[PDB]
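Enquirer: Here is what each chain is made of, one letter per residue.
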Amino acid sequence: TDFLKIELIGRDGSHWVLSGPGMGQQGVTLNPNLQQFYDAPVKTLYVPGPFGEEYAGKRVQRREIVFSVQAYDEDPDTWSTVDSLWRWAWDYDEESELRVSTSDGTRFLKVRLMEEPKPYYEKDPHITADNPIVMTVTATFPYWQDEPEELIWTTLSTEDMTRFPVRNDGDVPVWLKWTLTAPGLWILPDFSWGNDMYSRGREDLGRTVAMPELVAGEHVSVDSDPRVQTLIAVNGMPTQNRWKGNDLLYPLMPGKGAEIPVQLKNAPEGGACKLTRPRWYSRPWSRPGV
Amino acid sequence: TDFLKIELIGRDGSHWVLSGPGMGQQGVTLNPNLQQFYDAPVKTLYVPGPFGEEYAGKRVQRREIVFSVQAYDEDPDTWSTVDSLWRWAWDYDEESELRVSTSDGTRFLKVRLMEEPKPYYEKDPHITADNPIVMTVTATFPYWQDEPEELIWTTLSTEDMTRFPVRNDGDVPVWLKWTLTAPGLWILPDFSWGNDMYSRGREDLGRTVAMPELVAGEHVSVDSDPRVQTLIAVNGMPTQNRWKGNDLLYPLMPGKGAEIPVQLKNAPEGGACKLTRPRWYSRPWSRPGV
Amino acid sequence: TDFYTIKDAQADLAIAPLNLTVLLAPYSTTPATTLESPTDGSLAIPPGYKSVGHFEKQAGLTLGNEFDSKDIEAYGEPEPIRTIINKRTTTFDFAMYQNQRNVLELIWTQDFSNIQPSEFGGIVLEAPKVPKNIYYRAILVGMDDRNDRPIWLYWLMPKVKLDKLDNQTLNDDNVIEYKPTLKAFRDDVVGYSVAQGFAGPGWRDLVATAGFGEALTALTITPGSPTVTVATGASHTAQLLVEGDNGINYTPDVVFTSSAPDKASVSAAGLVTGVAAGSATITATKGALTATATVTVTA
Amino acid sequence: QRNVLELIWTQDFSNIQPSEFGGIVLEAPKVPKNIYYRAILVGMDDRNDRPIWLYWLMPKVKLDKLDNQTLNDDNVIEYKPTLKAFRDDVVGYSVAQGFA
Amino acid sequence: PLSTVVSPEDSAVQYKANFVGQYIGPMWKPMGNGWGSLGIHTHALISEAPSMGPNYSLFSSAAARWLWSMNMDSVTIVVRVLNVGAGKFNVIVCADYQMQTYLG
Amino acid sequence: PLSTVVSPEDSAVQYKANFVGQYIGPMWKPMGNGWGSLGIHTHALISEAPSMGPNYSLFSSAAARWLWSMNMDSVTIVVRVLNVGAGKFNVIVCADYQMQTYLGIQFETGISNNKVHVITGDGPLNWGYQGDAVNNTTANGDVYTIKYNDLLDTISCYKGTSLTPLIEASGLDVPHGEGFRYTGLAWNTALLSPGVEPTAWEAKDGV
Amino acid sequence: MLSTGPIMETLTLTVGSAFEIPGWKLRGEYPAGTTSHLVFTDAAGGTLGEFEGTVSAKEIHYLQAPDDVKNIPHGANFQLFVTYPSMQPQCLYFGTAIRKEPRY
Amino acid sequence: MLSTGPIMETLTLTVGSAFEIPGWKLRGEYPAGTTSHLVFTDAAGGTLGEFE
Amino acid sequence: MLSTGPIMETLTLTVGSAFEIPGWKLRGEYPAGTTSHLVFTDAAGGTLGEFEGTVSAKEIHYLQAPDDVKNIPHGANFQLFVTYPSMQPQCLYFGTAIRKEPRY
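Chains A, B, C, D, E, F, G, H and I, in that order, give the protein sequences. Counting from 2, one number per residue, gives the positions in the first sequence under the deposited numbering. Counting from 2, one number per residue, gives the positions in the second sequence under the deposited numbering. Counting from 2, one number per residue, gives the positions in the third sequence under the deposited numbering. Counting from 101, one number per residue, gives the positions in the fourth sequence under the deposited numbering. Counting from 105, one number per residue, gives the positions in the fifth sequence under the deposited numbering. Counting from 105, one number per residue, gives the positions in the sixth sequence under the deposited numbering. Counting from 1, one number per residue, gives the positions in the seventh sequence under the deposited numbering. Counting from 1, one number per residue, gives the positions in the eighth sequence under the deposited numbering. Counting from 1, one number per residue, gives the positions in the ninth sequence under the deposited numbering.
Since the hints were made in silico from the structure, they are not lab data. For every residue, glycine included, the Cβ atom is placed at its ideal position computed from N, Cα and C. Treat the hints with caution; some may be incorrect.
[Stated by the list, open to error] Looking from chain G toward chain I, a few residues come up when the C-beta cut is under 8 Å (computed):
(1) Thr10
(2) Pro22
(3) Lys25
(4) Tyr93
(5) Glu101
(6) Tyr104
[Said to hold, decoys possible] With the Cβ distance kept under 10 Å, some of the chain D side facing chain C (calculated, not the full set):
(7) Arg102
(8) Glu120
(9) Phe121
(10) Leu126
(11) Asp146
(12) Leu154
(13) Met158
(14) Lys162
(15) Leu166
(16) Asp167
For reference, chain A alone in the conformation it holds in the complex:
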């Protein structure tokens, strides 16, 4: 329909319209009954208790999307070209993008071939030149993503402070990324947003943590997401090694936002800071949350 568009951008950069306006122009359409596509799979944990089982937590799981496409053309040679291009648009080692566009915007999911595709009918595919390919793809990162919101603050002063407006309009917590120039001692916020995961939700309401004093040329990226080491220096220096066992602990919880303060000291040149707030969602489309 015109209310929903589905696209694939392969590992080679090819563009495919599986559903929506302009679907099938490249020869491949999407068949019904696609699974683990909308809601991010989550399993809940329970521990024995006096009244049965008590809530113990939640864990998000990777997506196992099994969907069928239909590759078609009038003549078998061109159908074979279309099928070869569709196969080339996929890989096991590298992921390809799957974009869903609605009135809520465009959100993408990075998927890779979980196993070998299952192509064609029982007879040879050149009879019909119109054959289904069953694809079992997987999403290691199960959340749907929008392009992250980025802000930049530059200062020529030796000591300065700024405030970044930040707000999670999605339904899942997001982990902030910082890019800080060097030299300079930075103090970054790690606000709890009332998150009681460490039983410190109210104690860490205004938590701030100081990065180690950066030497010249040691511009750092500070990624709070757990898939990645927190501190990484551009010149390869071991900044987190210098940083004495500290860490950024809290994500930006859904529905929370504030003007988080960033402090810069001991920066003779004057430095720059960049804040990247990811936009993760659990469904391809959803009305904004408040």
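We have chain A; now place chains B, C, D, E, F, G, H and I onto it with these hints.
Expert: Same frame as chain A, now just chains B, C, D, E, F, G, H and I:
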């Protein structure tokens, strides 16, 4: 169809056309619904991660092709002859060739009987003289192959150097084989082609490995394939013993190719080098990709 | 434009198989590519095809077409976007009366060529121990004769096999009929399972109306300067060919006339015979169209 | 006629060239061909010399099925196809009904 | 795709080395004399920057190979050097993996 | 969602060509005279490497453009050439996608015109001259380095190993930046025989 | 789809065989002065071959000797353009060129 | 759906081909003086094309 | 399909039997001056055989000798060209040769 031609060369050299032009001329045709025939079965590994499970690599699996054939003739005696010939065309110990020829050329798979065939209907087959045989064959090497490309460089000089043009047009990495005459000191390329499988993808871009000095009559086969030993002396000498923990480590990655340098020194009577490059594909047919 | 002009219906394009016959040949017989004789366009049955004789009038002859179809469903569309015809099965059935050798061979799926009649002509046709899968070549040709210009419309099935045989009831007032159904298979040598064709002078009239090729608008003739001999010999007669702009020979359709019969006498078929030396004009006309040729005659 | 026969046989007979005497042979395709047409079903009701043209527009029709045809020495040969309408993307509908 | 993309092999390279940090760094691989044959000398007596050389606690000769290779045959090297005493200093280009053959 | 769209930080790029195979290849887009206006001349009489030029069987003046574009304004072109006759050979820098406006260095070989010029292009095959001309004799296997320096807005040509500019020019009115980073070659001869033509070509971003 | 595009198609090349596109496969309505050309391309954007078709009143014909199409490999891209008089060129058929021949 | 809204539609572009939208696709009644314009922008909103 | 392409096909060969392609299957309009050319080659490309058919007004007929076709093994590639007068050869059929004979 004329867009696809499937043939079998038995272990005894018999030629059968199971599908395509000329099918059934030898009395055996191919039935529909043949499985694990097109895409090489690959399984992906996943380890636990922060957001479910994280991709950990892929492993290719051996092919288990289950298909069926019709052995047919008008008279039961000749049907019995044809059925016996079809059974003779197969074995467990030694492999038979299965060629698929399309507009993308001819690619073959070496297959062997995984278990005993399941022939005939519920009644005795001499009634119909037209009976199905269920074949469960297996491909230990799951990749569809073409004829390997062979290059020869012979020289009479004591010291010489050449450039072998090499290119991987397939979708999977291939392992090169060298046949070097003796005596003489050979230096062979082991370029990584950007492969980080040893965390030296660009450090080993122009890596060359010097084989041990060869005495007279010590002609060597240097196969980078992990299945076989790298250095094999034709006379049984332990040439690998004098090689000091060095090895050919890198395959020819897909889409990569150059003029790889081969050097020969200290060769009183010249020397000959033969380079064999396999042509492995994951599909019976596919358009060229780059 | 008015409704009649928009409809542009032609009744002459309705062909009624007033007569019809079925010819069966053994599978070794060379298949019939066409039923039109290359010489004069008459009906030419290839050797090896034998007719089955009469068949029941009321039952007629039924040509059954069966489609196996598969609907393709789209995720973003409620209705099926496409449908695929996997196969088209063609069969035909009729109720034939005669008790001849080929009819009985077809009915019993046996070869009765080795059946030798007894001393007094009696025969016995035993059914095979196991039914035999035998293929034949079928020609179903029917004639619609209008205004003495027949249209032969025919079906060529290079490979047919007995699919089923209807139950036969013996009634003391009706002759015994055999009602087989024959399924057509695709022949690899000729590349089709069933073909439909038309021929005859009536079809030659109706080709342009039906829309195959191009409409007849120019009536060309064989080279217009033929030399003929008065004396009897090889060159005492010359044949003229009348063709249309669409590559169709219209010699039987046109009318041959000679303005000077003394020089070259023209026959109906288009043969000019030299009678007296000089020059003659030969005219072949068809409706408004005409062709002319100046024939030279030498003693 | 040619369009009727093309619809019946799911083949394009534009390249069929009549023989020297006008005879033609129409072979059924190796595999049935999925061909789409555009259909106008227009009817006229003549009332007081003021006709009403009521019509159906099907921008995309395909031969869905073909019934068995019986040859009888007293009836002409008729081809009775069933045509299924699909939704055309360019016009946005599968079937329309109009009056004029 | 090949029009838009630029392959890593088809790209000019630019490498620098300062030795001002008084450590060898991970970009130099010792050759010939084996691991640990290189060193940094301060030259603090004169107003000069630290320089790379052999590990004179163990060896009097040494060689180092820049970890990564160039992408084209033509090459430019710029060395700012110090003549502390007597010795021979080779700048090596067009070398193989093990620095067996080169110009210098 | 993007705050700003910024052009990607394209790195320095390098290219080579030697004209050893049979035909020219798709990496050289012909211009001016259309497709099939380029060819390879073996020059086996003088025992030298094959060179690239016009196909003199049906053409006299021909231009070629490198398929890819430089990623930076400054550029270095190293060309090894042969002088097997009389003619003009143009090394083309900062051209557009159609070689309409470009800087270039012209090597003219002839009885009285053994010279080098700085040229500004008006179409692929038509050009005008800037500044004077420097006397220069070109022998087989001569290597010339044409550097366009963006910071100084200068075009210079050096011969062989010496670093002194054999020819130089500055301040010429040719647009730069994106869409004007294409390099190429051109050949113009009065006769139908090869003149001065390249056997080796290298391009590199920056100077 | 507000704007129409080309049709994806395939071309067949064979060694020793003349490359021909029959006019009945490119039937149309072409006024006098209508041109048509066909361009082959590799994956980098370089032209492997440019040909001009014979545009008649109601068809376009292509016919090339095998020498011309020898160098176009299997898997190359092709575009077919028709330029009506006083109008910009438009692409009718784009697609790929397969080589249907015995492989060696 | 009380208010008039646009229809999500796609456009097709080809290199070396004239971009064209046929008149029969953009139908409807347009009085004299009506002006239509097509605007192409990038991911950041910067205008990269405008046509009448 | 825009261009004219060869049809994949197989040729049967028998030891001690005369090779023959019946004319009723190679049908088509052949003007005077037409010729046919059947080429048999191996995996490398070496020409195993060249044969000329006897064309007629509507058929092409092939008839060789067992001595002529003895040297061609199973799996050898073949291609059948037809050359109309004042025209380049066009590959009607290509494919492979199988042997229908008692294997030895």
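Enquirer: For each hint, tell me whether it holds in the structure or not.
Expert: Against the structure, the hints:
1. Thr10: Since the shortest Cβ distance to chain I is 6 Å, the answer is holds.
2. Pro22: Status holds, d = 7 Å.
3. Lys25: 5 Å, holds
4. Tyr93: 6 Å, holds
5. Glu101: 6 Å, holds
6. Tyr104: 5 Å, holds
7. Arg102: 4 Å, holds
8. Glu120: Status holds, d = 5 Å.
9. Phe121: 3 Å, holds
10. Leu126: 5 Å, holds
11. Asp146: 9 Å, holds
12. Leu154: 12 Å, violated
13. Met158: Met158 of chain D check fails; min Cβ-Cβ to chain C is 13 Å, beyond 10 Å.
14. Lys162: 6 Å, holds
15. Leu166: The hint holds - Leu166 of chain D has a Cβ within 10 Å of chain C, the shortest such distance being about 5 Å.
16. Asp167: 8 Å, holds
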